[PDB]
Amino acid sequence: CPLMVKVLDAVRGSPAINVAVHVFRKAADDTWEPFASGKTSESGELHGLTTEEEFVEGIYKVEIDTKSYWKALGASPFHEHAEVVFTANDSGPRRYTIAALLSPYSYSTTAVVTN
Amino acid sequence: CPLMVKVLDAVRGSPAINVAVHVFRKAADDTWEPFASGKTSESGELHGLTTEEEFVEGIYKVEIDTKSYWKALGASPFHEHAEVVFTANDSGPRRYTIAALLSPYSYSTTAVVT
Amino acid sequence: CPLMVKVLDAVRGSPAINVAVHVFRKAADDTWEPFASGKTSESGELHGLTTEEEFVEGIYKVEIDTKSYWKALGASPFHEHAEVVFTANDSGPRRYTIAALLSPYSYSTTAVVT
Amino acid sequence: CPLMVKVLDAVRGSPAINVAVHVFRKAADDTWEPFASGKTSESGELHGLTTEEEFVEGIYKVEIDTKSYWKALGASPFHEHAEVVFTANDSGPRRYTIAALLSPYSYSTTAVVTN
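Protein chains in written order, with the UniProt record's numbering: chain L, 30 to 144; chain A, 30 to 143; chain G, 30 to 143; chain U, 30 to 144.
The set of hints was computed from the structure by calculation and includes no laboratory data. Don't take each hint at face value.
Over the 10 Å line for every Cβ pair with chain A, so calculated as not near, a few chain L residues [to be verified]:
id, residue
1, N47
2, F64
3, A65
4, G67
5, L78
6, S97
7, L102
8, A104
9, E112
Beta-carbon label-pair distances, calculated as ranges [claimed, not checked]:
id, chain 1, residue 1, chain 2, residue 2, range
10, L, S66, G, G77, 33 to 39 Å
11, L, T116, U, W99, 39 to 45 Å
12, L, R124, U, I88, 36 to 42 Å
13, A, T80, L, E82, 31 to 37 Å
14, L, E81, G, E74, 48 to 54 Å
15, U, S70, G, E74, 27 to 33 Å
16, U, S97, A, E62, 46 to 52 Å
17, G, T143, A, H76, 19 to 25 Å
Here a beta-carbon is modelled for each residue, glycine too, at the ideal position from N, C-alpha and C.
Could you build the full structure based on these sequences and the hints that come with them?
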C-alpha cells in the first residue's frame, strides 16, 4: 500500500469516521484528474486507495471536505477544505502516509514517508 | 484591509519572507478565477491584496508557494504549496487573517475572522 | 518588549481572549522559579511580561492555561495547559514571540526569535 | 495498552527513532513523580508503557526532549521540549494515543481517545 490517508478530529479527539477523501493527479494541461477516493474507516484510515503499479511519480492532491462534518461542539459557516498537494518522487522512500488534523477554522497536515 | 496573510517558518523560527501567495475565487462554472496575489514582507505579512468592494461573497482558495521557499533555503520539501479553501462574507462583510506555519514535511493554516 | 505571547482559538476562529499565562525559569537546583505572568488582551496578545534587564539567559517554561479557557466556553478539553520549554538568550539578547494555536484535543506552539 | 505515544519528525518526514520520552504523574503535594518511560521504536511508537491496573485517573505529563535530535537540516540552540500535560478521566474512552510532531522552533500535539 503506497499511499495511505489518516484523518483526525481535533475537537472531539477521535478518528474522523465515514469522511470522504479524494485524490487527484495533475494532468499535462494542468487539469486535475480523478485518481482514487473512498471513505475513512472507523479508525479514520483509508487503505487500498491505489497500487504500486498505478502510483507513479507526478503531482497529487488530497482533498478533504469538512462541510457535512461537525454537529459536534463547533459548527461554522467557514466550510474549510484540507487541500494537500505534493509531488511523488521515486527517489525517497516507497510508502507515503498523509495525516490531516481538522478543526472548524484550522487544519494541519503531515507526511510520513517510510521504507 | 479585509484579507491578510501571515507566514511563519518553524525551521529557523522567523517570519517567512518573500513568499508568493495566490488567491482564487470559485467561478459559476467550477473553474478557479485569479483574484489577487502578492509576496510576504520582511515581517512575513502580506497586506493590501484586495478592497472591501472587490472582496465579495464566495469560495476562495489561498495558495502559499512553499516549495520555492524551501528550495531557496536548500531544504527538500514534500509539498508543492500550503493550501486552504473556505467560504467568505456569506453573512455580510468580515475581515480575514490567514496565518500559516511551515516545516519541510508539514504545515498548518488558521483563519481569524473579524 | 523581549518576550511576547499570542494565542489563537481554532474553534471560533478568533484570538484567545483573557487567557492566563505563566512563565517560569529553571533554578540551579532544578526547581522552577516564577518569572512572570499575565493574561492575553482582546487581540489575544500579552506584552510587557518582563524587561531587557530581567530577561537573563536560561531555560524558561511558558504555560498557557487552556483548561480554564475551554471550560468557560462550555467545551470539554483534554489538556491542562499548552506548554513549551526552551533555552533563551544563550548568545546575547534576543526578542521572543511565542504563538499558540488552540483546539480542545490539540495545540501547537511556535517561537519567533528576533 | 491504555497509553501509547507516537513521535514524528516534521523536517525529515519520518518517525522519530530512538527518542527518549518520559511520563510523570502529579503527586499530592504537586510534585511530579516518575510513572513510565522508554525509547521510541523504529516506527516512532512506544508500547507497553503501562498497564490498565497501573493507569488510574490523575494528571499526567509526557515530556520529549529534542536536544540530541537533529543533525538533520536544521539544528538550533532553542533546545525545545514537548510538554504534554493532561488529566486521565475514566468517563471518556479507555485507550489514549498521544502524538507529537517536532520541529526546531515548534511542536504540535494531539490526543486520540478510542474504545
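For each hint, the structure was consulted:
1. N47: holds, 21 Å
2. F64: holds, 15 Å
3. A65: Given a closest Cβ separation of 18 Å, the condition holds.
4. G67: About 20 Å separates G67(L) from the closest Cβ of chain A, which puts it past 10 Å; holds.
5. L78: The claim holds: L78(L) sits with its nearest Cβ about 18 Å from chain A, beyond 10 Å.
6. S97: Given a closest Cβ separation of 14 Å, the condition holds.
7. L102: holds, 17 Å
8. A104: holds, 13 Å
9. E112: violated, 4 Å
10. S66(L) - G77(G): 33 to 39 Å: violated, 52 Å
11. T116(L) - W99(U): 39 to 45 Å: violated, 24 Å
12. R124(L) - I88(U): 36 to 42 Å: holds, 37 Å
13. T80(A) - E82(L): 31 to 37 Å: Since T80(A) and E82(L) have Cβ atoms about 51 Å apart, the given range 31 to 37 Å is violated.
14. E81(L) - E74(G): 48 to 54 Å: holds, 50 Å
15. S70(U) - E74(G): 27 to 33 Å: Violated, at about 41 Å.
16. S97(U) - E62(A): 46 to 52 Å: holds, 50 Å
17. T143(G) - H76(A): 19 to 25 Å: holds, 22 Å
Of the hints listed earlier, those the structure fails to meet are numbers 9, 10, 11, 13, 15, in rising order.
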